[PDB]
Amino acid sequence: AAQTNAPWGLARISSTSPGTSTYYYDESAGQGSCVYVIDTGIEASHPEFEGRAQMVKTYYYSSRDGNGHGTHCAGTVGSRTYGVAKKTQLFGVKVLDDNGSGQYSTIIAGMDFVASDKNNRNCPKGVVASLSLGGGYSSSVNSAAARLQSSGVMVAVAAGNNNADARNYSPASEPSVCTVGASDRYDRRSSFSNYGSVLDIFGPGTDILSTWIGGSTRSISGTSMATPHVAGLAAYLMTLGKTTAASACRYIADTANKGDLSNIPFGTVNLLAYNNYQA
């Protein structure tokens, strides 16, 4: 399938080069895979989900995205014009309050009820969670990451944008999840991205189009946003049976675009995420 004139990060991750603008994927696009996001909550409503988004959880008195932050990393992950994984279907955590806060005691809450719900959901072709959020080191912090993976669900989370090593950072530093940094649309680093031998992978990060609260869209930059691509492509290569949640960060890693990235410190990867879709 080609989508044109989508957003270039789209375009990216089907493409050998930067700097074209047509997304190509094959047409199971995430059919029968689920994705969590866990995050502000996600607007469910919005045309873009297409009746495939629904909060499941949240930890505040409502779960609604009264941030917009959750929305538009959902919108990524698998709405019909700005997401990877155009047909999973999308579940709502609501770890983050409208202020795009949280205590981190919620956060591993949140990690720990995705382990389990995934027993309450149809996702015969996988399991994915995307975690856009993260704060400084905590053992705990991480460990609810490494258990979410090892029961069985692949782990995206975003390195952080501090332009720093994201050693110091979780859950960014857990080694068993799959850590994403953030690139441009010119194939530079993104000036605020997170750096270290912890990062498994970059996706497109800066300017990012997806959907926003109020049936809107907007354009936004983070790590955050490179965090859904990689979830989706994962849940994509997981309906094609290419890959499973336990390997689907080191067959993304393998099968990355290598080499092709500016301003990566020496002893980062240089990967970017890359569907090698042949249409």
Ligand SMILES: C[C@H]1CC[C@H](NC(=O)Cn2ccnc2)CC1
The other form holds:
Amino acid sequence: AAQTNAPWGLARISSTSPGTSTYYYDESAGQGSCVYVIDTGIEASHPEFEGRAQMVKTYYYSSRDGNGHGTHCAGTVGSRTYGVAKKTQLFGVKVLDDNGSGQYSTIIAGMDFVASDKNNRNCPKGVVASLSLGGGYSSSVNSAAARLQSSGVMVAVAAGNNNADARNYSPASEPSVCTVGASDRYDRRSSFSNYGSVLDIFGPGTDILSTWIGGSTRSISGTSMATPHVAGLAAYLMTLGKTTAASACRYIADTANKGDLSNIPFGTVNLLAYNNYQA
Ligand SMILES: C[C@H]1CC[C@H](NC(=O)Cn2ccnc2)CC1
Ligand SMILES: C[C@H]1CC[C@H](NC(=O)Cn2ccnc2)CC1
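Condition change, the form solved without the named molecule to the form deposited with the named molecule bound:
Every component of the complex follows; first up is the chain already shown.
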């Protein structure tokens, strides 16, 4: 399948070269997979989600996304126009309030929730969790991310936005999950992207168009935007049978475009997520 005039990040993850605008992907499109977006919520009523999104848990007085961040990330995973995996099922877990903030205890609870709740959902092709959040190092937060991964969920986490080594941030620094840095449309590391040996992969993160609250759309930047590209890619590849939740991060690294990014610090992987799709 081909989507013309796609957001640059979708085109990039289906290309061996920057500078193209069509997204190419197998029409299975992540059908039969599920992606949990652990964030500020998801505006599931957005036309872009086509009934495939639903809120399943909140830790606040409402499950509504009053911020937009979670809706944007969910759109990059799985919205019809802006998403990698256009037929996946999206599940929202609101661990961040409408200011984008959340206590580590709440974030940990949300991760343990997903590890259990996937047993209440029909996801025959596999389960992914996208975590576009983090803060300073916490062994408890890292342990929760490791538990979620060990339970059979492909965990993709944002590296962070401080132009610093991600070893000092959580859950970015947990080795067993998939830690995602950000790139721009000219194949440069995004100016704010964290780096380091803990990174597994880069995805598009600068100027990413996706869904927003109020039935709208906008372009924003962050490792938060790169992470759902990788989460959606994992769901897509799992539906194709090419990998599993336990192996998808390694598979994405194995099949990535290699050596194409600039301003990658020595010791950080030079790997850009790529779907290897051939019509
Ligand atoms: C909107 C732009 C359209 C053109 C794109 N071409 C490239 O990236 C290729 N390139 C890089 C340096 N010199 C040539 C990039 C985005
Ligand atoms: C409202 C949004 C919620 C998530 C926000 N923060 C991060 O991702 C920060 N981070 C990642 C790793 N270490 C720190 C970005 C804004």
